[PDB]
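A protein chain is absent from this complex, but the other protein chains hold their places.
Per-chain residue numbering starts at 1, and chain names A, B and C are given in the order in which the chains are listed.
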Amino acid sequence: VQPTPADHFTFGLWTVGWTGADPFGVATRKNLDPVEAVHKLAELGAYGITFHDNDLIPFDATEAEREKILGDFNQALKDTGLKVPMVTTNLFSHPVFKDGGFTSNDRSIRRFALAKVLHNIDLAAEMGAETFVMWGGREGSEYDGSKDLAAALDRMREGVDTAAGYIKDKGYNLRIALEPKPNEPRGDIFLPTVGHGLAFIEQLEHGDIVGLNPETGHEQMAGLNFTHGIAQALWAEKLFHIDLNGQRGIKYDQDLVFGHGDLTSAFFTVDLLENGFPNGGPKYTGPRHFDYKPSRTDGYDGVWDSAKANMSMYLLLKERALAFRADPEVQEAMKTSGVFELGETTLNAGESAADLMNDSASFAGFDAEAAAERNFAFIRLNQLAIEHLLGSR
Amino acid sequence: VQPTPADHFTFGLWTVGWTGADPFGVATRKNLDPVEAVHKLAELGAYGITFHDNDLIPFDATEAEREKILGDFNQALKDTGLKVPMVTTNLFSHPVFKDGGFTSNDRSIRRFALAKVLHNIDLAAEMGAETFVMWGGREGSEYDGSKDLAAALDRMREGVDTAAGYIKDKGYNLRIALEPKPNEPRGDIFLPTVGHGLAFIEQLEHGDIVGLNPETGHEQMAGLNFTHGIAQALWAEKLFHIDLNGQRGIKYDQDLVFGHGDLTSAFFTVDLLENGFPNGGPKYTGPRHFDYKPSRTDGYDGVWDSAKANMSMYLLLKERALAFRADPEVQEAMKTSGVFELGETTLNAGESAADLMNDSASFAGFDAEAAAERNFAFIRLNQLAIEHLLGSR
Amino acid sequence: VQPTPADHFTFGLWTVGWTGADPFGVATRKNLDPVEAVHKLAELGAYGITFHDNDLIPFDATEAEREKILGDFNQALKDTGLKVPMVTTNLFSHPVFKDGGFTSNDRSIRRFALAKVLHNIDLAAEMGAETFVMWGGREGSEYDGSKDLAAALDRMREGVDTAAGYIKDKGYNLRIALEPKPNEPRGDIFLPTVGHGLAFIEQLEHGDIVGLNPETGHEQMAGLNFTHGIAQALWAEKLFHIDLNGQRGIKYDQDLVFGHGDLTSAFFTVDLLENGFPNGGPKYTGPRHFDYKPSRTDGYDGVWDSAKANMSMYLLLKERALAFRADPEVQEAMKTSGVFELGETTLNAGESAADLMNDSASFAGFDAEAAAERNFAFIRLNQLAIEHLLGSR
Partner (left out) sequence: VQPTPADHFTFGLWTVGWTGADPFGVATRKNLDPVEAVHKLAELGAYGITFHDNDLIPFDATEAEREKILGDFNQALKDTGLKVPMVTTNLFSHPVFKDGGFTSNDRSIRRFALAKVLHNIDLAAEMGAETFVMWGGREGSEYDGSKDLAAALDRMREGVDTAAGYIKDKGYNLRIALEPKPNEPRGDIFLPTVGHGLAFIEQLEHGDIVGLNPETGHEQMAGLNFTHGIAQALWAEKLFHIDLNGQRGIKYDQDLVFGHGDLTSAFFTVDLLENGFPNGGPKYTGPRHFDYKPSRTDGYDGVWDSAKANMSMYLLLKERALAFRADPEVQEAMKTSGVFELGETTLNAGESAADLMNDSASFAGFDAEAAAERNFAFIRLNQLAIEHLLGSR
């Protein structure tokens, strides 16, 4: 292992600072001072730190307090060298956001949320973040008649397009990244998956600077393939940031260390981020952000062990995924299964629909029964990836 | 109840004709003659019938046979009055489609699938279908390294855009509707949910004539809100057709009668199709297609009981959903919860981001703690819908 | 439908008393005085109230404090006539319980946890409660190597048999009801389903007084059929108590009002509690206890609305289910489908294995293809059930 700043491992303040309250209990750890957080994180080899406005600045802090806090915070950044690549707003903890921020049924709460957001964009630019994340965790319902579903999407669009237009208007060098989540804390959250989020951005006025911020555990809560989803975001060139962690199944969001959930899936996620696509195409070159929570049963030694482990797991997987693809036997297996064959167009240069239709060999004269005999050998190909993952090859 | 042709209840040939083979067994029913199907369906009050090419015409039938079959089939349509509103292709049963049609790793199979599709478009136009459905049931993988995820989406796009361009080129009065499915028969299917499908259409050249064909059970297999998903398709004006059925949970696709799965969700699905949105907007005016399978334990009396029941359940729900919304007490409850309030824009006519920012009452001077006291009364509102569903009000 | 004490509707102090804090937010409601809980629930028609030791008596309460609290609570009970049918212990909220009470890896904690249970038995006995519920919410793990699994079950057995022995020695008429849950708050909980709880009970030294407390939502979080699980608990004569609420799929425990989740399943559970088994069998006679949470979006008006909605949902389902079995057409359908035929023993009176293999009629010349022709007509029985539920019958 041994992570270093050019690896671009970013961590949020709320991850290592998460104190332990869950639905059945109180915190098991004391609050983490943000200056300690920065120093500690930098010592471990992180590249940057991210935060939610209220992570650093209390909801009711006065203007004198906000500047006191920011002064010590900027100093620590300075002393250590951590950058601040992404900033986000808390539109979910305070009781006022019980029906949402942007999609609250109450008009006065929608304006308050939007004004909280606009102000936070200002702080984002001041910090030097390139990405502004929006997780609409309270946007949704428990009951189907609680909302007008068309109006909920018009109100979501108005807040995002207002925020986007503000970025363009002030000339900030910022992008917005929406973060899909299927449920928890709402029964049903709006824009529940990568596809929903991707679809939605296409209906925006300011779509051009809006992308996604997918989270491993969030797609796994719907039973989806995390690599399939990021592949699709990447293919559309909407993968602006990423949140890595672990999830063992369809249940509450667990927020384990990356690699402590679906291990084989993390392997392939790493292969896609590092190696890209077999035939060439898009690559994700942003930060590798870890959005997790250290288990409540463990003390602060566990908090820093857990932070260390996110980075270890990613470097271990990266190493095995480079060896995997570099292997002559894998490449050969790949060729046999048709991975490079999928890269060739179906139609010949210049062939029209008409042409293919009327080409006897592709249809009328085709031997479907002979084509059906092919051994794709996907089982052997899968076996080679696991032996590579197991450190056996 | 009593369904009648202006209700626009369509049924596929493979639903009532499904003979019973599942993974652990053989058919329990004899094959259903398609001419019987048409007559029977028409007697029950259906408006139309839909089919897959091989539902009617055998994969290896000769040209003399295809015309014999079509002749008797058109005659029955004539004798009864059923229309043929949608036609689709089978790109999944034959062993040649074991790795997909359009996204097969084998180039020769991709061409064969595409040529099967183009020919079937011709038959669609001849029949008078307005909709051409594409369910990519074999497109996906069991293993993550089996495919180049970027190349799988380029090949999906090439077949759909080739088919679309052919429709435009021949001037057919047809639309394509993609049908998302999360898994089964593949471990992971590409374009697994409504959002994924919606996102994908935005990357097409011929996007304008491409929409979706969502299926109740398919979104419920990912644990998603079926009404939330169709709301989003409708809002984007991509809801070109719909497949209704029942699903009891995250498991294999059960294909029960509509209403025999998540009852409350079917209620709200019916409310959206019939009533639309509370504040006004888009409406879905196409056919109400039932894509289900009669339980294998039951004989042919059960097949026609099951067909009858799809229509009964929809009319029962429709009736309760009209009463629900028409109710003065519901309207009042709706007002209290802010359903109409969500319909008002957040920003005042002419207000800019700048303006709202600097409006003291929406932020600096806002009383978050007082705004947080509001009783949304979503529980009472939910109670009124269930009493309406229960036939109590 | 108006509830009366005769109905045996019981509520937990923590249910209407639930304040609104979840994983991503703080409480939205103010604490509920116990005195007012008691009076308000008696005005609604409640039969009894239930509580956790620390719902009532703070963890740190002094002796003088405890006595005051008990004096006020016992006053309220005397004033209103409310009964206290069940009492439970809180072995999950304090940080001390982070790894469990009974199956903590730390022995001093295991000792404290059992001590806390014994003291609570006394209180339970003082209050007149018939049932003692044990829900081991922190018993389990996030990671597979965290626990010696054989030793976790011995620890659990030690605790439960100690508590049972103590009851027997003290002469108390108290029975222990164990309550399964698959996950939340731990990633995996010991004894996750009705099946695992019944099995464990059979390994106990004093299992005669140990039974189950199944919860609607809990079984549904693993995707099981709650009605099938309570039917196995009844069949074994081990259904000592029941917790009713609603869940809308495999996700975090929602704790919705009974009937606000899976409706048809709710209908069928009520049918089983009220009508019993079609061919006869044991019947459930305890409290109908609601363990739910008023959504955090609702103010106190909403709390009483939700309390009310629980009993109301139950009465509406009961009316429908009594009408359903009373219907001649439904009885006809039931006989046709073989529901009464399942009640006839397979073998003949004094027929042995040997006698049966040898019966020619049963095997050697049994006409399997002719038997396979029976139309079970389960679809039509299911349509009739649904129509009774919707009150269209």
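In this section, a residue touches a chain if its C-beta (ideal position, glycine included) is under 8 Å from a C-beta of that chain, and two chains touch if they have at least 3 such contacts.
Engineer: Which residue, A:125, A:368 or A:386, contacts the hidden chain when the whole complex is considered?
Structural biologist: A:386
Engineer: Tell me which residue among B:66, B:170 or B:248 touches the hidden chain in the full complex.
Structural biologist: B:248
Engineer: Determine which one of C:27, C:326 or C:356 touches the chain that has been left out.
Structural biologist: In the complete complex, the chain left out is touched by residue C:356.
Engineer: Hey, which of B:221, B:311 or B:353 is the one touching the hidden chain?
Structural biologist: Touching the chain that is not displayed is residue B:221.
Engineer: With the missing chain put back, one of B:183, B:245 or B:346 would touch it. Which one?
Structural biologist: Of all options in B:183, B:245 or B:346, contact with the hidden chain holds for B:183.
Engineer: Would you write out the residues of subunit B that touch the absent chain, in ascending order?
Structural biologist: On the side of subunit B, residues 20-28, 92-95, 97-99, 137-138, 142-143, 182-185, 187-188, 221, 248, 250-254, 256, 260, 295-297 touch the unshown chain.
Engineer: Can you list, in ascending order, the subunit C residues touching the missing chain?
Structural biologist: Residues of subunit C in touch with the missing chain: 59, 94-96, 98-99, 102-112, 114-116, 118-119, 141-155, 158-159, 162-163, 165-166, 169, 182-183, 188, 190-200, 202-203, 222-225, 227-229, 231-232, 234-236, 250, 264-265, 267-268, 271-272, 277-282, 334, 337-347, 352-354, 356-357, 359, 362-363, 366, 368-369, 371-372, 374, 376, 378-379, 381-382, 385.
Engineer: Can you name the residues of subunit A that touch the chain not displayed here?
Structural biologist: Touching the missing chain: residues 28, 223, 249-251, 257, 259-260, 262-264, 294-295, 297-302, 305-306, 309, 312-313, 316, 320, 372-380, 382-383, 386-387, 389-392.
Everything below uses one rule, namely that only the chains that are shown with their structure count from here on.
Engineer: Quick one: subunit A and subunit C, Cα centre-to-centre, how many Å?
Structural biologist: One centre to the other, that is 38 Å.
Engineer: Which parts of subunit A, given as residue numbers and ranges, touch two or more other chains?
Structural biologist: Residues 94-95, 98-99, 142-143, 182-183, 188, 221, 250.
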